[PDB]
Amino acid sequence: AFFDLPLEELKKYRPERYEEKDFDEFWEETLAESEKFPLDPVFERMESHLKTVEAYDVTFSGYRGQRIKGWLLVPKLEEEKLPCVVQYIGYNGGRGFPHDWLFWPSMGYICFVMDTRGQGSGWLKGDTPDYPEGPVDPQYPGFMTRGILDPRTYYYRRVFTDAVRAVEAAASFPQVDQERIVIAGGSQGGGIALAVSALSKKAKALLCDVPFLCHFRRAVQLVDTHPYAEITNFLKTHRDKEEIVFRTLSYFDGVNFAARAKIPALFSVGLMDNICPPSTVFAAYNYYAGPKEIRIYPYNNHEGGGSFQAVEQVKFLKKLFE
């Protein structure tokens, strides 16, 4: 019984955008403030059972100098400068083990896996704490409503800033070819990557699968699945805070970043996805301002194109970087 707009409508779907007059200023100032702290990227080579890949334990300074973990996986190859995928992680995930991230290396790409602050407890473990802007306001369980009463205190202000800085950290690794740095993610990872496509000066291509954190007002109207339902549940209780909540969310909405993003991108969507509804994904894709393609999977839910989509991504990047 799930259904969004028909495909012909989805392809033309361009809802009115809402953002505050200071959207750009907010992000400029946020990034400037964090850039005042040295990146201090650390890549510690590890003793590992992996044989085809060199694994490094990563640390770097993200939001306000806060130290973020990651992995760096380098495939053992003759080529001196290698292309690079900066990988962002889905909701309730974390960096896990180096072996959880063998795809891109196996395809000949260095992979920088960014750990997600405060999460890492749902489906894959993580090692990086969050650090709040002082008091942690009343919230619904999870990360979606953490600090939501003000953009400056909002959880994803910190995540997005870490994500922008992760690309700088990857770029600092000597074996990375800076002309071929890719930002990638699915769901939460895709919404992060979308922000980064607008904010980073270093990223050269975007892989954005079944993106989360897009078109919040519609998402919350359409589905009662988690994690978007964290927001709805907040609003069910804090009935006086509707305007404020959506004002805050406007600064983090992937649709508003997409409108600013200029790098080439490959999107994916599942037309039966009731976690990240197709209309939210198409809103972002349709506003995306760089060269772009989308793979559409009519019969898939939130798994999207799965391993088929991974192949499409390899082919897409090969072609782009020739």
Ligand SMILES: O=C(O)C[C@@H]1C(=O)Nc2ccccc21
Given for the second form:
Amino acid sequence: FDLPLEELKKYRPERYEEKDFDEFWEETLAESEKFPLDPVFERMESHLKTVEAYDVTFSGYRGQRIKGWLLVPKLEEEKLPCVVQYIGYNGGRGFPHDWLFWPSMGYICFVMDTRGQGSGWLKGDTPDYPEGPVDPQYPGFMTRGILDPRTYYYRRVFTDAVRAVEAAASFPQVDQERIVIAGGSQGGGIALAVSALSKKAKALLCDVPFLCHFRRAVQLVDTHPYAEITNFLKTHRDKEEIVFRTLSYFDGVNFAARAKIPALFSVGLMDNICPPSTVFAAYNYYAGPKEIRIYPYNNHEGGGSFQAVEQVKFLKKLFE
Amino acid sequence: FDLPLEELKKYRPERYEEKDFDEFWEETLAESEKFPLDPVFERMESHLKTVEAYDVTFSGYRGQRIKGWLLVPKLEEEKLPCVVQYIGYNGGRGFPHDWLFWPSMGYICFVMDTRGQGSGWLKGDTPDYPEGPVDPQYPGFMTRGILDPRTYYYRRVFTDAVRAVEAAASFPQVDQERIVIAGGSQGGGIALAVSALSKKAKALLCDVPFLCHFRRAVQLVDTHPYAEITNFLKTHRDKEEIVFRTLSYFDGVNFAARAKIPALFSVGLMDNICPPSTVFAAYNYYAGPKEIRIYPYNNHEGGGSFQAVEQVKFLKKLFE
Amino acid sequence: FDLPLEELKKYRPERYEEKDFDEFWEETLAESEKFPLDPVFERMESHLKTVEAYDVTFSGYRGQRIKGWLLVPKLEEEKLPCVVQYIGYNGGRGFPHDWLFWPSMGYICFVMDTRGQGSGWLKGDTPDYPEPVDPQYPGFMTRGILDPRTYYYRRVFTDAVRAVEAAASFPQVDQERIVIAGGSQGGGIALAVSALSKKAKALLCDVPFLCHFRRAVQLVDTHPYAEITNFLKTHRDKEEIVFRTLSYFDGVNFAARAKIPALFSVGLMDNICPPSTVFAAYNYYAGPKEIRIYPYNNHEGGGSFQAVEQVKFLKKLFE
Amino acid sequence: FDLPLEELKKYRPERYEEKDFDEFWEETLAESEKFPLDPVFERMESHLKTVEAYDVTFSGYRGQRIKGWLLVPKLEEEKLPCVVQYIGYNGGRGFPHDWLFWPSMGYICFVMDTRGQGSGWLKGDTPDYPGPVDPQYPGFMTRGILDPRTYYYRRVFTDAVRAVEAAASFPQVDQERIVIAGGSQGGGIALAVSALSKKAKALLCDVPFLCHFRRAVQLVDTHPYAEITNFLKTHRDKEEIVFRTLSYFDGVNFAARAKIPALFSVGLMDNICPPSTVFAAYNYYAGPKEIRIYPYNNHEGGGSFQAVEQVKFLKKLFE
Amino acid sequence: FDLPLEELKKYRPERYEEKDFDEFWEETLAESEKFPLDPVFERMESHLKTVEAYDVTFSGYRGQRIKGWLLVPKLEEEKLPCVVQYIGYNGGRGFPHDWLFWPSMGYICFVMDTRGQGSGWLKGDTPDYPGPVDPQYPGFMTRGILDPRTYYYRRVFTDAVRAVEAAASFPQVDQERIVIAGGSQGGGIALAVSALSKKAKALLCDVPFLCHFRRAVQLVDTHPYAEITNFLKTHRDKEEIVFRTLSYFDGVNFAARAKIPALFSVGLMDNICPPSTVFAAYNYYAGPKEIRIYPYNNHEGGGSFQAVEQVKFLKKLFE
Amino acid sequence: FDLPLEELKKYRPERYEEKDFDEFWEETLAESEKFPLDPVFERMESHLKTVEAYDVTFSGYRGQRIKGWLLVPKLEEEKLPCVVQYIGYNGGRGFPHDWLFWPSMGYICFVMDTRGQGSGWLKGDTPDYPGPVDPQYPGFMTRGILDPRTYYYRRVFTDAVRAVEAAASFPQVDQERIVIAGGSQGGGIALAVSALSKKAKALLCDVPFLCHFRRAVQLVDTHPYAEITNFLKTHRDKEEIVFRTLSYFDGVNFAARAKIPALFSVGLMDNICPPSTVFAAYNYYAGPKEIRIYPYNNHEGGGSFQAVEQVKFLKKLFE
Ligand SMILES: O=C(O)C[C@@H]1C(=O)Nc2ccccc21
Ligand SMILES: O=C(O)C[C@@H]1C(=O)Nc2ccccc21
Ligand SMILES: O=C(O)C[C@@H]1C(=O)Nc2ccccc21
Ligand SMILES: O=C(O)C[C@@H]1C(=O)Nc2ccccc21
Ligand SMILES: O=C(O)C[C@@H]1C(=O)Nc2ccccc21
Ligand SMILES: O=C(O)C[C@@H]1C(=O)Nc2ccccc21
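Could you please show the structure of the form deposited with the ligand bound, as a counterpart to the form solved without the ligand just displayed?
Full assembly next; the chain just shown is listed first.
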């Protein structure tokens, strides 16, 4: 349904961002750095036998306390590499046993809970906090605070996500040389922002990323969650310019252009949640060393368990 | 798809409410009455010629400033009857010209904007304000603050709505003894709440009501917006009892049981958004003088323009 | 899903029409004009308080008696501007209270009931009368389609022309300020009247239907355009005749003849009336014109926002 | 989705008809018999080799001229049994070769075209003739529904009775072995003819439509029964008048009067013609009768399996 | 939804086949020729009166016994032309009375049952006989797809070549007028036979399936092509193996080799067999050829209109 | 959409099985046990660090070689309890890392690959081995359904009984602490194993499929149950035969014979495995049992909540 692959590979749409993109993010991170990180780990009673699981609490956007899980495989290694895992839309940190892949592969896994979501396919425990009034919005998170980048939901998520990397680095068994940032769909869009904004992340795993190239996304598909923005615009007919202005500060394409760490991307050519031209726009602008795995017959599931093996091999080759 | 009509007409399921239902509502309304109502009626340059439209502002839940419209038909009579109109889900106050029916029929019309919504089919101008943290929720309004009645979204909307009647009553040209409360679907549910909670309403028009008999609604249909609650529960599998205890304080069946003012209901027997059994549970418990117009072949549109004429005739008879 | 906006704005494709288009319509109107208009306005008992409602009857196609409403706002004015309102597919005149917008804005509103429809979303009271009723697919789009002389829209468009003469006959109507308006089917009817009427002074044309039929069926499989496609799936031998008939009714061909000022609207995600069909008509429209473009709306177009634009537009025009 | 089979078999709900049901039909048929039948059989140049095909024209309702095909298998016998075939909703007579089953089984087949339809899945050549064509929902189900004298099926069912007279006029037809047959709309028409024709000798009634309307619209939201629901959703003041009209055309009411031997079929998962509507009709049917029950089939019913059952049923019936 | 027609007419994509395409088919066919054909025609008791029906069995792929019907019109001519009919996806030979068209037009019809299918819209009676039956997606499209030697259509296409020899062996068949025919799956089978058989005289290829697989799975998400997509969505490591296997069975590669006169049909709105897949095959077809193009039709194609075109085409070819 | 919870808890429909049910299974398992099990475990080079992964091969139905995974957590305890895991419809054994749950909780996990499937959502490596593969609807539900001796699940259920013996042969498995587990198709397979094998200590049976087939096809039209309905729609003469065969594989009949303690789960909104089908099995389940009821869940059931419940249930059992 989207551009053919030869064209996708060359797709570099003209970017749109405001003159103060970097200032906005510098100011955002400085204001939240005023609150102590205060990373707290507490060992959890669980039935897990090959992993030690910890409850995590750390200060994200403006000192607000975000939950997570830390999963440490029980191995002979002194320091271990770490994957910081960001979660898809409507998900949250779930149970420790929802995240066994990375620890089973010998990586500590830091799972960041997603403020105010956690109700659509995996439970969450962390609330959101608005900057004052909660404006008229379409159901969901995509238009929550959208009339101002200062009030916009993902300002708070992305800042949480940057602070999560610091929280993971605070656990002493984490090898700070081998902290990886990872996610699919919303988790991939979050990881992309972090790849530009964190100075602690060493590598990026970005699958079927959401939050990329919003302007094109709403022209290409009518699926959720991108349709929340379309549906908001269908009603608020006078707000096009302001909505896209706000979104430009959170667009993965604009972060990709600033990001310098090694990355492995994946895309499903039949994905109609995250259309391939949106994924390719981000990939093509990504300024670090990069590869992409392309799945021509997959929808939003992308490479699934095959991609998971690709990630393990990529990281092994990168860190050796 | 629902019970046959002969059974709908007798359907009076055991009600479920907590022992402190009334006290919850007394304390809520009392806390909000500590702020001055401070109703403002500012003439809005519209292009209307047979109606004068005022931009309304008034203090609803916890003094929060709620928007509305006040439309006055161009008639001499020093005191006119008044319809206070509440709005369907994802709607908001829109433009003054969106509400010309009741003014054209000789009634002043007070249209209350809906906090936080106004983004699905008609625009709105009024924000919500949470009680502190914005808990994990499913997209929309149905599960916003659902883990505690003190935090639940409809606490705030219902309080706004009671206060809206007071605001309408403040307008010098409104006949304080001919104040009707009205709405369809979400608007119907809010009106039904108001019909129990306000001391100032003279009659109820309650069309295809939503927010009624939640526990059964979600068994019968999988449509939105009731599906937001199902979908929350599909994830938060441990929260059934808490969710339904919270919803009990906002259930139109429990309000119907307390309401004493005359009412005209309507129902579409093929309505799969507000199932017939949910509307009939509310209607059958409704404690005031009452009549119901039944539309056997209609879905959620109910009686449409036909029902509007039934309303005009009902009020004329009542007020003679 | 259709051409990008930069291409829609330049989209002026080769028009298809027969050499006798104007003669067809001159002969149609002249034949119907032999019957007296006989416009009848019967004041009616109503619950309305700010508006006076009249039941209307007038002679449309071949003297057939078409219903309407006339809604007159109660204002201290010896003459008032007037909007002649045409109705969307499967609708009809409904109740007087269904049409309160234009009277509330200070316009007399003449609502024309639509022959034979009135059964999908708003009730109607006017029958159709055929020229035999040929084999057709369910609906109105293919009724009489094998010959322009028998086609359903010959009758509707005649009715609609006659409606404006009927409105002009009400004494309080300001004949310098008669507006023709409609959305979707209403807008396709309005485009035809904008070419054919001797009485209309402005056009409001929203998300128009009955435009560029040959391209519409290639772009969408929605109804009501799909009635045409489904007819042709069965009558495999009738492609050329069907498009020949439709060319006499195509809003793109009317637009090219129309001279009055116009305000259009279009939803770029409208899959009932695709944007390239709407832009074909708008771009060929020969009078002074403007268009409001709603990039995120489907067939609802600009909704209540566009209603505000209309009132502003007519106020400027007529001041 | 409907009643379980044990209950369907006992389902014999209270019938609804007006006091003048028989009078309505007697006068309808009397009036149409005033016009000469004038059945015209024109040998049609054909590529067919085992069958002789004829173009048929005959006088149906009020003398209106209806098309058909006559297909005669090339056999030695002087007189042949005959199946009068009625056609499903949105179909028409199509081509001669569309109807080869019955001829191949040694039966002359008279295929009646369906007035005004012919545009959904197979083409047709016969027009309808109404005077005013009232507001209606798209299609045939609500055409003229506010009065049984104007209703579309009054004309179809008359045409269908006249068809049997026309088939019987063909010299090679054995008038002792005239079968009336159809599926869905075809079946509902055949059910009416089983009560109204004095010439039909046996009925093949598959997955019948036009039965138990009031219950059909409560059970399913499919077309074409949904045309009726959608008309009532708009004309909310007309529920009584619509069902009164429909009572004169209801297969259940015809079934109670029909005397000829019949073979029915039903699909238990058919959501076009719900099984309760079909069993209501079957259970009231007053002639010698059998029903083939296909529990896993939708509207296709027994398909080719049923065709074999019909052949066997008629062989045994006719000795 | 596909290429516009002017581009379809010129669509001649680079073909993909392995170096050993012809050798694979020569060895396949030589191996199956080592088993005796042993055509068996058992005359059946039938209700049919204009046609003689035979129960057919013959040896297809590797001596496996395949069912069929032979329908002989009762005609004075002692040698008759013959159409060997292949059946659409999920069908099978059904009953003899399912196949009356060609015998009514004076052709012997040999209907080939389809191994292992017969369970979706018409029953069948013939099993498949594979070795191990590899992991597969539900259906026939992926059965044995990891190796052309194990692939399901190797066996169907061999059956189909053998069916033409079985038809030829019936004494009343005129071996100079054997036609091979099908639609959709039947048309892809017929197209393979048009390249592989030395006995067929003409090809009727309607809306052909089993063409240009690589592109089909990009254009549509419908079944049955979506079985291939779904297999690849799971077996993410097997893209190259899958399309290599499929290249031995692609109608486009057979069309390039076929020499006999052909009449194709295509529906421009067919989203089961997309127009670009059909035209790729049609444009490579190396024999004398024509195509009937149905711009408004989906997968039904020309339906009964095309059946007429077929009968005319063969009459002209053979006279 | 199904019975209310109060009725589901009381739903014990009359069972249907043939008089030779036990004999059929006795002979089936005896014939397969004549071939050596020959379990082979090969340590796999793996990226996994907390788990030792082994490629498994073993003899299932009639010596046929079935793949699997053996996942051993790296722990001190020399003899570990073991969960034998059966896979959902269209799945297969996938990668070792797809099955980390049970090993992470301290259990050796034996994952049985599913013959012939492995192509819908997780890839598989094991073929099926039928002679003739009868006419069937796409998928596995109707493969060999005309005889219980040839039916697909005869083979799978035998494989699954043999998997328990193959897990028991691994030296680090505590052969006295083996559990059988599955969701949907995996739950139906585990249920059969709960009746057929004497080795298992406990059953984990989530949203079970393969239960109460006769009722399943009346209640939902979803796949995979709809493959059966679809087969019956065409093979209209095979209802009795199809249900007789299925009675030998019906989870409700195996439940009646199972004695080991069980934890079931059910989604009350599951329209793949309807609640009445799951309750019919659960209600007839003869051993100590409990059911987790998820009223707001569809076929996902309890998901990770249910997994926690399983870990607790086994912990109590093996203390
Ligand atoms: O894609 C994600 O970010 C998670 C999840 C998912 O994977 N698909 C989808 C679609 C709509 C809403 C939420 C979801
Ligand atoms: O029903 C309402 O309260 C308003 C509106 C409506 O009329 N139906 C519907 C369905 C889903 C969301 C919103 C709506
Ligand atoms: O578009 C119209 O003319 C009215 C109405 C409408 O607004 N959409 C639609 C689609 C199908 C039939 C009728 C309609
Ligand atoms: O059922 C019929 O009478 C004919 C045909 C048919 O077989 N099904 C169906 C459904 C809607 C419209 C028309 C049809
Ligand atoms: O197209 C065919 O070969 C037959 C039949 C058909 O006509 N369409 C279709 C689609 C899916 C499966 C089977 C079919
Ligand atoms: O339910 C299963 O056994 C697995 C999988 C599933 O979870 N749902 C579903 C539906 C159709 C085919 C296969 C499946």
